[PDB]
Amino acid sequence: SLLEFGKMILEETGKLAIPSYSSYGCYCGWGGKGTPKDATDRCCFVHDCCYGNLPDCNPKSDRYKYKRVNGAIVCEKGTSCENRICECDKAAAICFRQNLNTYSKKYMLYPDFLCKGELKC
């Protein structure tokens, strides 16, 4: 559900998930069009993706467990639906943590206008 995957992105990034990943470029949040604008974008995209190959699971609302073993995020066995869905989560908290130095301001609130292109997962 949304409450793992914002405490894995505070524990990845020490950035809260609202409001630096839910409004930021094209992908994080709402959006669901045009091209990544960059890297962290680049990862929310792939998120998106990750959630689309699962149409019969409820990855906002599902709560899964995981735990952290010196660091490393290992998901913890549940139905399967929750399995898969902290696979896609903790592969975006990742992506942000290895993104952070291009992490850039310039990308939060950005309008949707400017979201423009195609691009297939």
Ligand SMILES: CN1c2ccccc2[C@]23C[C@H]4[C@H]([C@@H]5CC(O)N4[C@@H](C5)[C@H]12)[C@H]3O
Given for the second form:
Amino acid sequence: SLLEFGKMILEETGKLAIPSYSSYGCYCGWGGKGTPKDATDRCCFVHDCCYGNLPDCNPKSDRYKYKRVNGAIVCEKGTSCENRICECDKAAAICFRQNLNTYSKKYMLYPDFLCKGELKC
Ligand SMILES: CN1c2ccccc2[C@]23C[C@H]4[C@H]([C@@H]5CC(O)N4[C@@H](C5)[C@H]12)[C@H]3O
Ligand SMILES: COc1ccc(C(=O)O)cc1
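Let me have the form deposited with the ligand bound next, following on from the form solved without the ligand.
Everything in the complex follows now, all chains and molecules, and the chain you saw is the first one.
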């Protein structure tokens, strides 16, 4: 659920999901079209796609459990949907951390009309 995800992001990067990653570029947030503006936005695109492989799961509200094993995120056993949601979120958090160096405030509150082009998962 968004609760586990925003907490995962905060622990990883130091930034809060909202508003550092809720209205970023073309894919971080409500976003769902265009060409990712940068690496961080590409993390959200892939995260999007990852949730995309789980049509019968509800990523926003289904809660999962996870623990830190010396920094490393370890998804704990839950239902099938919860395990996969967690893997999707774990990947995005790490991707976010790996690209913190290029995070640009230029792509914050990014206009919808500048999300141009197309990309398939
Ligand atoms: C295509 N679409 C879907 C088609 C059928 C069921 C569920 C989904 C989505 C909505 C949502 C989310 C991610 C992130 C995203 O932008 N959306 C994608 C993948 C999915 C995922 O949940
Ligand atoms: C990062 O926080 C959120 C909250 C709600 C939604 C949504 O409702 O689609 C997406 C991200």
